[PDB]
Amino acid sequence: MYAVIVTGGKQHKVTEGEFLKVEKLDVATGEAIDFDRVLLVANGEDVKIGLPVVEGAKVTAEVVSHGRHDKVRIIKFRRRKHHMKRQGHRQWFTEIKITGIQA
Amino acid sequence: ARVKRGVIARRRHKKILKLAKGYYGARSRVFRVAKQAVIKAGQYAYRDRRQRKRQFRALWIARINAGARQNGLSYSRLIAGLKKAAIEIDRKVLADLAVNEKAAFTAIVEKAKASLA
Amino acid sequence: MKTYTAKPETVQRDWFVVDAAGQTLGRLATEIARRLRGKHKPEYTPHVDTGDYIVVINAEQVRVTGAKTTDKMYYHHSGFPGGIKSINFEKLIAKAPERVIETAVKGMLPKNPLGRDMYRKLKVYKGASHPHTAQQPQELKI
Amino acid sequence: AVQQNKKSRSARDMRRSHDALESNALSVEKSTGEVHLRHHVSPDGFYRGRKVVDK
Amino acid sequence: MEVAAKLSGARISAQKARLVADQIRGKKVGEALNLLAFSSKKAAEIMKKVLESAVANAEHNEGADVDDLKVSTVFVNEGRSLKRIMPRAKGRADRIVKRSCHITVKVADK
RNA sequence: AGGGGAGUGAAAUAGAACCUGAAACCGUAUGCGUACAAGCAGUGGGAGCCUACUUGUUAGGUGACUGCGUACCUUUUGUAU
RNA sequence: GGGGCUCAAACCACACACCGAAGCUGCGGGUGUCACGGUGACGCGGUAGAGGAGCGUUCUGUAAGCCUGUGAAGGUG
Ligand SMILES: [Mg+2]
Ligand SMILES: [Mg+2]
Ligand SMILES: [Mg+2]
Ligand SMILES: [Mg+2]
Ligand SMILES: [Mg+2]
Ligand SMILES: [Mg+2]
Ligand SMILES: [Mg+2]
Ligand SMILES: [Mg+2]
Ligand SMILES: [Mg+2]
Ligand SMILES: [Mg+2]
Ligand SMILES: [Mg+2]
Ligand SMILES: [Mg+2]
Ligand SMILES: [Mg+2]
Ligand SMILES: [Mg+2]
Ligand SMILES: [Mg+2]
Ligand SMILES: [Mg+2]
Ligand SMILES: [Mg+2]
Ligand SMILES: [Mg+2]
Ligand SMILES: [Mg+2]
Ligand SMILES: [Mg+2]
Ligand SMILES: [Mg+2]
Ligand SMILES: [Mg+2]
Ligand SMILES: [Mg+2]
Ligand SMILES: [Mg+2]
Ligand SMILES: [Mg+2]
Ligand SMILES: [Mg+2]
Ligand SMILES: [Mg+2]
Ligand SMILES: [Mg+2]
Ligand SMILES: [Mg+2]
Ligand SMILES: [Mg+2]
Ligand SMILES: [Mg+2]
Ligand SMILES: [Mg+2]
Ligand SMILES: [Mg+2]
Ligand SMILES: [Mg+2]
Ligand SMILES: [Mg+2]
Ligand SMILES: [Mg+2]
Ligand SMILES: [Mg+2]
Ligand SMILES: [Mg+2]
Ligand SMILES: [Mg+2]
Ligand SMILES: [Mg+2]
Ligand SMILES: [Mg+2]
Ligand SMILES: [Mg+2]
Ligand SMILES: [Mg+2]
Ligand SMILES: [Mg+2]
Ligand SMILES: [Mg+2]
Ligand SMILES: [Mg+2]
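Protein chains in written order, with the deposited numbering: chain T, 1 to 103; chain S, 2 to 118; chain L, 1 to 142; chain 4, 2 to 56; chain U, 1 to 110.
Honestly, the hints are just simulated from the structure, not real lab data.
All C-beta atoms in this analysis are idealised placements derived from N, C-alpha and C, irrespective of residue type, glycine included.
Just to be clear, a hint being listed does not mean it is correct.
Listed below are the simulated SDA-like cross-link pairs for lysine to any residue, each with C-alpha atoms no more than 20 Å apart in a straight line [unchecked claim]:
{"#": "1", "chain 1": "L", "residue 1": "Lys2", "chain 2": "S", "residue 2": "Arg58"}
{"#": "2", "chain 1": "S", "residue 1": "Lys36", "chain 2": "T", "residue 2": "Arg80"}
{"#": "3", "chain 1": "S", "residue 1": "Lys103", "chain 2": "L", "residue 2": "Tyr4"}
{"#": "4", "chain 1": "U", "residue 1": "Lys28", "chain 2": "4", "residue 2": "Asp20"}
{"#": "5", "chain 1": "S", "residue 1": "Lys84", "chain 2": "T", "residue 2": "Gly100"}
{"#": "6", "chain 1": "4", "residue 1": "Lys56", "chain 2": "4", "residue 2": "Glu30"}
{"#": "7", "chain 1": "T", "residue 1": "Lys81", "chain 2": "S", "residue 2": "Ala63"}
{"#": "8", "chain 1": "U", "residue 1": "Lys27", "chain 2": "4", "residue 2": "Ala21"}
{"#": "9", "chain 1": "L", "residue 1": "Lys39", "chain 2": "S", "residue 2": "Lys36"}
{"#": "10", "chain 1": "S", "residue 1": "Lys112", "chain 2": "T", "residue 2": "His66"}
{"#": "11", "chain 1": "U", "residue 1": "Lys27", "chain 2": "4", "residue 2": "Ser28"}
{"#": "12", "chain 1": "T", "residue 1": "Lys21", "chain 2": "S", "residue 2": "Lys93"}
{"#": "13", "chain 1": "L", "residue 1": "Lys2", "chain 2": "S", "residue 2": "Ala63"}
{"#": "14", "chain 1": "T", "residue 1": "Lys21", "chain 2": "L", "residue 2": "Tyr4"}
{"#": "15", "chain 1": "U", "residue 1": "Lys16", "chain 2": "4", "residue 2": "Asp20"}
{"#": "16", "chain 1": "T", "residue 1": "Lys81", "chain 2": "S", "residue 2": "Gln37"}
{"#": "17", "chain 1": "T", "residue 1": "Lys10", "chain 2": "S", "residue 2": "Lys36"}
{"#": "18", "chain 1": "L", "residue 1": "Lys2", "chain 2": "S", "residue 2": "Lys36"}
{"#": "19", "chain 1": "L", "residue 1": "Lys2", "chain 2": "T", "residue 2": "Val22"}
{"#": "20", "chain 1": "S", "residue 1": "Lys16", "chain 2": "S", "residue 2": "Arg58"}
{"#": "21", "chain 1": "4", "residue 1": "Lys8", "chain 2": "4", "residue 2": "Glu23"}
{"#": "22", "chain 1": "S", "residue 1": "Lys112", "chain 2": "T", "residue 2": "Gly50"}
{"#": "23", "chain 1": "S", "residue 1": "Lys103", "chain 2": "L", "residue 2": "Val11"}
{"#": "24", "chain 1": "S", "residue 1": "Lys93", "chain 2": "L", "residue 2": "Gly82"}
{"#": "25", "chain 1": "T", "residue 1": "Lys48", "chain 2": "S", "residue 2": "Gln44"}
{"#": "26", "chain 1": "U", "residue 1": "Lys41", "chain 2": "4", "residue 2": "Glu30"}
Covered by chain S, per the in silico footprint, the following chain T stretches (three or more residues, Cβ under 8 Å) [what the hints assert, rightly or not]:
{"#": "27", "segment": "29 to 42"}
{"#": "28", "segment": "46 to 58"}
{"#": "29", "segment": "61 to 75"}
Work out the full structure, taking the sequences as your base and the hints as a guide.
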């Protein structure tokens, strides 16, 4: 039992009881969410290929935490032109746990 | 008010020499050489965040080609067939099924084939 | 959900035997180099050798088109002044028939430690038989 | 003639990989158990079971 | 046990003294004393007196037996150097450094 | 000469070249890598091995193999030069 | 550019597909200006140079305060 879902402009292959980090969602911690845009559900030997979205399929999850990724450092340097610039970045994410896959 | 530079200058040199850890020879232990090495390392890292996305699409596309020709289809004919029917599955997800879930990849290639492409 | 990468300790390799009995040299050599590199498998990764073993048996019966049997030259330098030496396709077939196929395939492979490793899996012979019966190569039609 | 670049730490240590010292052939006199150089009179003045110089 | 003995300011360069220290590292003191007695190097005469001091330290302060000892640690560090002036041709003056070293020997029965 | 103990001292790695004791530079010990391999020495990817504990969607150390990649300042129409 | 290429892997027409940039779109963030009362809109490569806003060092007031041998400054992780 696994599914392919779309969230945050990316696609994720998903199995039940899995932890994965996705782009930040506007959901409070501990709240349940569902994913209606399911592209593929495969149940052992049975594979439902989704004409664009598999009809009736839905993948539920609960929000575990919010956080930020490790800092990356940006530098812009133009040699012998007297120019330099620095910047920092930490990207937000939401961690969700997949509770149930409805085929 | 005479200001001495000893403490501040030492704190600034140690920040650079800590980023130069693991470099070869003088690039990890003298400030003048380690300063240039840290700058060039950050120049490379900025450019390689763009190239990471290019190197991974090329890897997915090459693996999809290998899996499609095992089912009697080329990469360019499979992509046209997928777009003809419905499918919006990524090259990233497609390359994962080609290696791990081979029975699901065959079903998709067979459906793309049935769109006469 | 990271991308799969092959591991050199857990790669499956097969043995194949290819007969060069009237095949064009460069169009046979491109098929060989494709399989030495592992480009025909979904497990292919750019930094590990996932390819197969190729045995080539009738290496002296490979052919070229046009006027290339006498007009195609192989040059090499010995490192001494004036040490440039040449031989054509017709004469090299007579002397070292296997060197013709190896030179073509070797130029179609990467020039690095990994490329020299894939080249070690190519066995070229000039008979109709090979010494690798215990490996039981399967037939490959061009 | 002189260098255009200074040698690295690693480069000069490779030149010294042939600077190690070897040992000598030492023997023990059967009569007295005294160590000496092979084929040499011992510091006590013995050689091949005989007194040669007696200091 | 691991009793040590040190010689600070030995009048020899550290690079010259380290050639002899590589010969005795990890050996039994009896077989390393014979090696130093028959060496043609000047650093062997200096380092043989340090090793004999470390053996004498173990017998008096620790009650060790020389026949069960072996040299476990030996290293040569740099000492302070003297600075002298050497006249060269055409009025040029050169600067000489006279280097010294610190020699440490450790013996152990275990 | 210099040391190993013993003593004095709150403290001798405060021992007289004596408060603190940084960096360049030189060593010893342990872990991983390195003797078919070509270039500003890094970075994107990445196996294996070692250590720690939460025994692996973890942390630390190494980095086989591979894609890209000719230092910095000044002066210039223009510099890997 | 090399290997190699001859009913081409050359050339001349036509057709359909795909790859391919830091371009465009998607998702998540930060900022400048203008309008309205936090939203909308379009901007955000840069040398000489102009404009705006900040960090840190020593000393003086706040301070006859507060911290500190149950451990200050400094050094090193
Ligand atoms: Mg000052
Ligand atoms: Mg390193
Ligand atoms: Mg690309
Ligand atoms: Mg791409
Ligand atoms: Mg010279
Ligand atoms: Mg030189
Ligand atoms: Mg120079
Ligand atoms: Mg010069
Ligand atoms: Mg020069
Ligand atoms: Mg030498
Ligand atoms: Mg004179
Ligand atoms: Mg000198
Ligand atoms: Mg006391
Ligand atoms: Mg102290
Ligand atoms: Mg003190
Ligand atoms: Mg004091
Ligand atoms: Mg002191
Ligand atoms: Mg220091
Ligand atoms: Mg060393
Ligand atoms: Mg090797
Ligand atoms: Mg070779
Ligand atoms: Mg070299
Ligand atoms: Mg080369
Ligand atoms: Mg990585
Ligand atoms: Mg690690
Ligand atoms: Mg690397
Ligand atoms: Mg590399
Ligand atoms: Mg380059
Ligand atoms: Mg390159
Ligand atoms: Mg200059
Ligand atoms: Mg000029
Ligand atoms: Mg000029
Ligand atoms: Mg001009
Ligand atoms: Mg240029
Ligand atoms: Mg230069
Ligand atoms: Mg090329
Ligand atoms: Mg045609
Ligand atoms: Mg197109
Ligand atoms: Mg892109
Ligand atoms: Mg843009
Ligand atoms: Mg956006
Ligand atoms: Mg722009
Ligand atoms: Mg700007
Ligand atoms: Mg004040
Ligand atoms: Mg304390
Ligand atoms: Mg102060």
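Hint by hint, here is what the structure shows:
no.: 1; hint: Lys2 (chain L) with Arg58 (chain S); in the structure: holds (13 Å)
no.: 2; hint: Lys36 (chain S) with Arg80 (chain T); in the structure: holds (15 Å)
no.: 3; hint: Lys103 (chain S) with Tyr4 (chain L); in the structure: holds (14 Å)
no.: 4; hint: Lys28 (chain U) with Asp20 (chain 4); in the structure: violated (24 Å)
no.: 5; hint: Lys84 (chain S) with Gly100 (chain T); in the structure: violated (30 Å)
no.: 6; hint: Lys56 (chain 4) with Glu30 (chain 4); in the structure: holds (17 Å)
no.: 7; hint: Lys81 (chain T) with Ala63 (chain S); in the structure: violated (41 Å)
no.: 8; hint: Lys27 (chain U) with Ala21 (chain 4); in the structure: holds (17 Å)
no.: 9; hint: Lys39 (chain L) with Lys36 (chain S); in the structure: violated (43 Å)
no.: 10; hint: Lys112 (chain S) with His66 (chain T); in the structure: violated (40 Å)
no.: 11; hint: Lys27 (chain U) with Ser28 (chain 4); in the structure: holds (18 Å)
no.: 12; hint: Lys21 (chain T) with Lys93 (chain S); in the structure: holds (17 Å)
no.: 13; hint: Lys2 (chain L) with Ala63 (chain S); in the structure: holds (17 Å)
no.: 14; hint: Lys21 (chain T) with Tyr4 (chain L); in the structure: holds (18 Å)
no.: 15; hint: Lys16 (chain U) with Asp20 (chain 4); in the structure: holds (10 Å)
no.: 16; hint: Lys81 (chain T) with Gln37 (chain S); in the structure: holds (15 Å)
no.: 17; hint: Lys10 (chain T) with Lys36 (chain S); in the structure: violated (38 Å)
no.: 18; hint: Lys2 (chain L) with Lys36 (chain S); in the structure: violated (34 Å)
no.: 19; hint: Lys2 (chain L) with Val22 (chain T); in the structure: holds (13 Å)
no.: 20; hint: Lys16 (chain S) with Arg58 (chain S); in the structure: violated (37 Å)
no.: 21; hint: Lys8 (chain 4) with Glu23 (chain 4); in the structure: violated (28 Å)
no.: 22; hint: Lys112 (chain S) with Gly50 (chain T); in the structure: holds (11 Å)
no.: 23; hint: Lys103 (chain S) with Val11 (chain L); in the structure: holds (17 Å)
no.: 24; hint: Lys93 (chain S) with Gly82 (chain L); in the structure: violated (55 Å)
no.: 25; hint: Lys48 (chain T) with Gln44 (chain S); in the structure: violated (46 Å)
no.: 26; hint: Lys41 (chain U) with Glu30 (chain 4); in the structure: violated (25 Å)
no.: 27; hint: 29 to 42; in the structure: holds (count 3)
no.: 28; hint: 46 to 58; in the structure: holds (count 5)
no.: 29; hint: 61 to 75; in the structure: holds (count 4)
When held up to the earlier numbered hints, the structure conflicts with 4, 5, 7, 9, 10, 17, 18, 20, 21, 24, 25, 26 and fits the remainder.
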